[PDB]
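**Student:** Position chains G, P, D, W and S relative to chain U; hints supplied.
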Amino acid sequence: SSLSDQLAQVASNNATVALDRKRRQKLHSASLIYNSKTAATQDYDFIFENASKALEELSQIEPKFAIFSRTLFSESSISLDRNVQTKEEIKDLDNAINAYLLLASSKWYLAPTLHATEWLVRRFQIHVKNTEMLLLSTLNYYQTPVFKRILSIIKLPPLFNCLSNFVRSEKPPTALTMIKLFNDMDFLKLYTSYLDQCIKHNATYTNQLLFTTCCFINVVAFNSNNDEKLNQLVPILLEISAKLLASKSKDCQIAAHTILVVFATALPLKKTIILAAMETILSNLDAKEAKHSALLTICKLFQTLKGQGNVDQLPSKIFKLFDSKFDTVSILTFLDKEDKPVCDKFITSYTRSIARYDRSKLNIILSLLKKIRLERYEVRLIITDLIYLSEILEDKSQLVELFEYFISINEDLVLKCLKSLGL
Amino acid sequence: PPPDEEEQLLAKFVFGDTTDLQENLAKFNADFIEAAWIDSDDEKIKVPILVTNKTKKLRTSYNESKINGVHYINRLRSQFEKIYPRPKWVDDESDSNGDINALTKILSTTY
Amino acid sequence: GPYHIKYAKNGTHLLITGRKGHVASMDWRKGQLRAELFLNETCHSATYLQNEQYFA
Amino acid sequence: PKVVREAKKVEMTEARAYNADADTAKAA
Amino acid sequence: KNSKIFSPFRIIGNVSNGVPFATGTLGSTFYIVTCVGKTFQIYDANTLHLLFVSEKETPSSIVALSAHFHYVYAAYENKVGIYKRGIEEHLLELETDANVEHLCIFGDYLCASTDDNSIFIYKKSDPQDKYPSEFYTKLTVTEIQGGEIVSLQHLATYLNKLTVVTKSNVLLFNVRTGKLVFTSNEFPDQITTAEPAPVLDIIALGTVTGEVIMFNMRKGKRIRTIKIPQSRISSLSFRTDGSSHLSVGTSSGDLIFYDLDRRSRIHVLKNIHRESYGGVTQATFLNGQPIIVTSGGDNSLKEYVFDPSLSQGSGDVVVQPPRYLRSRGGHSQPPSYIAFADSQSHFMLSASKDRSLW
Amino acid sequence: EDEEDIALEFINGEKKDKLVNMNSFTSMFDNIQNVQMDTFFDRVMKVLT
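Chains as they are written, first to last, in the UniProt record's numbering: chain U, 2 to 424; chain G, 13 to 45, 122 to 184, 202 to 216; chain P, 112 to 167; chain D, 410 to 437; chain W, 19 to 376; chain S, 848 to 896.
Next up, chain U with everything else stripped away, as it sits in the complex:
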């Protein structure tokens, strides 16, 4: 390539180095709270005193910051520099810095965290060396003056061209532009990596999770047209869904529920994939409002399933698991509620499973079919499995009363099925 371009690359490699006094004054005057002149004049020591006071306040709120007080905020942390050390110690510093940003992600509207992060900014040059974790751990706060300050400071990586246009102005970016950013693809991959590490360190918060799920749902909502784009988007979003369910909080699990339901209604998936997702939900379901959300999204999953084998039964282990996590009286009451999501496909599959697998709770089958109005082909399907259960099982007055209910409702259909097989 050309000489000018290669010198531009060497300049980018030497962004951080403070060669002459002009470059030092520039790099120093870049800072977070203070404006130009005052940021230029004040010294590391005064910065570090302010930082230490802020860190004592933060450890008073929560004790996880004794680590950074021990390591990144001491006397050698005054003395040291990035641009002197060997690359492996550099990688260890990047490890500790990313730990800091992850752990301070959940306090960003407080002057204490603001000041300690200004220490990291004005000594470890993080706003030039590793801007990625700064932007991504501070993304959801996208209407706040602290984010406006970081936009006026930072130098963007070539994944963020939208914010790269919005740098250095008076208006915060808009949700449309955020949705452009998340409509990009490699950025989606990078965000999955960050969220994976965040879960595996087990520190998320509600606004963080809410912003993530709203961005993902709008991304799929835009891409409702290009099916090939949805097909290349499936592994990304569903693997973030699987890790998010693997987390142990009600917050994580409910968020993953919303992502799954909007994806399932946006694109018709395969039945085995649907069953695997249900298997994860049931295998990690823990709390009460979690049970509520899980039942709703399971219902919507089987509802948006449409194809051959639409009304097939649950496989055995799945059916045992589902009943065990879902006692029958609870789902009865949920049916008795007023909100009443559409439920016919899933409920018919459930009762056909109870028929072929349980062989006892036909009375509960009777009451469920009492409470909900179903469809014609479903009625014939129920009738088929009940007919075969009659032809095998030793007879029962409960089976008598069930067929009595069907004679009271659609006896001609019953006789049609007997004309298919029987008397």
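Check before you lean on any hint, since a few could be wrong.
Claimed, not checked - Some chain U residues well away from chain S (every beta-carbon gap over 10 Å; in silico):
hint, residue
1, 129
2, 211
3, 237
4, 263
5, 293
To be verified - SDA-like mimics (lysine to any residue), calculated; alpha carbons at most 20 Å apart, straight line:
hint, chain 1, residue 1, chain 2, residue 2
6, D, 418, W, 371
7, U, 65, G, 39
8, P, 141, U, 22
Stated by the list, open to error - Quick list of simulated restraints, FRET-style, between CB atoms:
hint, chain 1, residue 1, chain 2, residue 2, range
9, W, 161, G, 123, 24 to 30 Å
10, W, 327, G, 41, 24 to 30 Å
11, W, 376, U, 14, 41 to 47 Å
12, U, 44, G, 174, 23 to 29 Å
No lab work stands behind these hints: they were computed from the structure. Idealized CB from N, CA, C, for every residue including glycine.
**Tutor:** Frame of chain U; chains G, P, D, W and S shown alone:
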């Protein structure tokens, strides 16, 4: 005589050593937020080294010139590890109520 | 064509001359680019003379 | 503005390998 | 039947016909050897010029190929030819009546394999010579140990051992004394492709079902199993820049890139070789460079690259999908009409029956 | 009756479902700030149907 703890502390401060901070960053964890066949001729064999560039790389001391098989093949293993690095997957992993990983498993299966 | 090199005395400005017409004078450290000239005639050798401001 | 995708050039850099002709050897 | 006015000059405009090609290393560059009909050709790897072509047509069509440094080893029907720069330097008359199927070249040895489970071992004469020339011995593969011979490799660091992969198991041979010294256990499928790793004692077997089986040999206990469904795996290769990338090429014409450290499907290429002409018969990563080269049976040799990533810190999790790069090839079905171009006789128009003109 | 009669029963018994087009989500970006996750799910399911 070796100096005690306060003398160590003052020494580290006044000389401005940063080895403590480096070992602290090193120990920094976001943890908390045989064989089955033998080769008789390979144990019997005696091969030379000094023929050319390759085994004269494999040499270890300046006096030795002929090395038998088990040390030879062990040296070759060391040399191969020098050239091609070892990745962590082959140093660690083996595949060995329903679980959690079923969704990711079916996702990695289907195209 | 083939290149010939002279660093300035301050160690801070690189002067390169190709054998064909290329002459470049750069800071090389923070990657500024002071001067670039594509002389066609065969340029043979080069040096900064007193600063990074005058070069022959 | 979105992400720019300038696929930059490629250079077949140098490499290193292994050699079976020094894997093998001779009887005594 | 001889001629008296014309004489055969060369057969123009071919690259491959589906016989698995080989990659050879010189100094620190590379080159590609392929075979067409009764001859073989040698191409460049940085600019894809035509560097060499054989100068004697063979009495049969060439079936097996491999390459050491300068010499290239070709194997037609019964003999084995050892070529240098396309000039025929040596014959190698085999002492059987069978046909020779696969080939390996390592150390003081050449290993040739026919169809009837017969492994011929040629020894180097004196280590100051460059190719083996003396007949040495004849191992056999009895049916009670394993079925038909599939391929022959040689792992890193195994003194006079040889790796035979058969239909049902793998064998570790000691060629010095001449004893089968290790056998593995029967595998339920038909093993079709083999490749050693850039790590020690690790071999890779590709079956007819979508199983990539990463196998140990110092222990003999298949480490990893990766599944591709609804295809028959046709070749494997490893990346060696320093990432954990594995490249699998099916017969249906796709291409799939996994990572081992993440168990992941990084990417997939769709229809780069036509299944109606034999499928992806050889796909190889060049050693330690972000360059992959594929060759089909549809008379086509392409090579792609991996782009260096767009993250700054993260990197190996956000890897660019591959892009397209150099390519040579010609007709698929035999051509139908030609004509010359001008009175310097330079360009040849030709339109073929797969609906294109070059 | 016939299999095609079964299929026609099946089709005409298949009810109607709401889809999701391109701008059916901005309201969450309006009021995302200080509301709980389950109530957010309620908003999303209600927008879906």
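**Student:** Now look at each hint and say whether the structure bears it out.
**Tutor:** Each hint tested on the structure:
Remark: the non-interface label on residue 129 (chain U) is consistent with the geometry, its nearest Cβ contact in chain S lying 31 Å away (cut-off 10 Å). Non-interface call for residue 211 (chain U) relative to chain S: violated, since the shortest CB-CB distance, roughly 5 Å, does not exceed 10 Å. Residue placement check: residue 237 (chain U) keeps its beta carbon more than 10 Å from all beta carbons of chain S (closest about 18 Å). Consistency note on residue 263 (chain U): stated as away from chain S, yet its beta-carbon is not over 10 Å from all of that chain's, at 7 Å minimum.
Distance check for residue 293 (chain U) against chain S: the nearest CB is about 7 Å away, which does not clear 10 Å, and the non-interface claim fails. Of the supplied pair hints, the one linking residue 418 (chain D) and residue 371 (chain W) is violated, its CA atoms being roughly 37 Å apart against a limit of 20 Å. About 17 Å separates the Cα atoms of residue 65 (chain U) and residue 39 (chain G), which keeps this hinted pair within 20 Å; it holds. Among the hinted pairs, residue 141 (chain P) with residue 22 (chain U) is consistent with the structure: their alpha-carbon atoms are about 13 Å apart, no more than 20 Å.
In this structure the hint that residue 161 (chain W) and residue 123 (chain G) lie 24 to 30 Å apart at CB holds, the actual value being about 28 Å. Distance hint check for residue 327 (chain W) and residue 41 (chain G): the Cβ-Cβ separation is about 27 Å, which falls inside the suggested range of 24 to 30 Å. Residue 376 (chain W) and residue 14 (chain U) have their C-beta atoms about 46 Å apart, which keeps the hinted 41 to 47 Å range intact. For residue 44 (chain U) and residue 174 (chain G), the Cβ-Cβ distance of about 48 Å falls outside the hinted range of 23 to 29 Å, so the restraint is violated.
When the structure is compared with the earlier hints, violations turn up for hints 2, 4, 5, 6, 12 and for no others.
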